[PDB]
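Shown next as structure tokens: one chain only, the form solved without its partner chain.
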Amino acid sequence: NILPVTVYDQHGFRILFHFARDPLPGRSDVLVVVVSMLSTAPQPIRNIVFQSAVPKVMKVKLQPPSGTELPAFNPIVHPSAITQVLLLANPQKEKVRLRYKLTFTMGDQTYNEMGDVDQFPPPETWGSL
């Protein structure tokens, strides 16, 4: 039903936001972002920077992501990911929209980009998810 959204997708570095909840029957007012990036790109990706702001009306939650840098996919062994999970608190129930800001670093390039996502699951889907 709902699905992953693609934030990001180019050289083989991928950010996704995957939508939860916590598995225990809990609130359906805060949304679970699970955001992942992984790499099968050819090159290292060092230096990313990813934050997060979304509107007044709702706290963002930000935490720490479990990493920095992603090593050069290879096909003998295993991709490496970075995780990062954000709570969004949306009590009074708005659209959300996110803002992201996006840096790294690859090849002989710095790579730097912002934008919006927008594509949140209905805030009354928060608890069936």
Second form
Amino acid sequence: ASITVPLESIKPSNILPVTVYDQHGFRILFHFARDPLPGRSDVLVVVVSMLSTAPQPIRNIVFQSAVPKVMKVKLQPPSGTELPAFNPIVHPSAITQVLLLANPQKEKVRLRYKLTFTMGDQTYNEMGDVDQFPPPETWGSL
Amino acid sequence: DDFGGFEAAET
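Having seen the form solved without its partner chain, could you give me the form deposited with its partner chain bound?
Okay, now the whole complex, with that chain kicking things off.
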């Protein structure tokens, strides 16, 4: 990946989102979209959204992932790394991060992830996984 | 199918 995909260019799918992590008023989700650039039906686009309704702000957010040897994964820089405390008057804020996934051989996608973030005096370290991906043949038809 | 290394973004 010298290849980037600007946010502006992504057309959302009709696939439901998938909740990756949900704790401490902090939530990560995957939205899946067809690769908007023609000529690569073996790339999944994963719009990662990170949302907070925590009473304190959330800082130092890093999201990482890994994928089977046979496929690759790239993470474009996130829109940001912190979130404001919940405020009833303002609109909720989101961090967005684009995540690219190359599956030439077209096998079942699994994904591990690490999430580090800070909230007050506390740091959090999560490691887990995701397997609710759209079947790899469908990656052109969404 | 064993896993690759963890990737992150250029900070």
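Residue numbers count along the first chain shown, from 1. Note that the rigid core is defined as the largest set of C-alphas that superpose within 1.5 Å between two forms.
Which one of 47, 51, 28, 36, by Cα shift of 2 Å or more between these two forms, core superposed: The only residue crossing the 2 Å threshold is 28.
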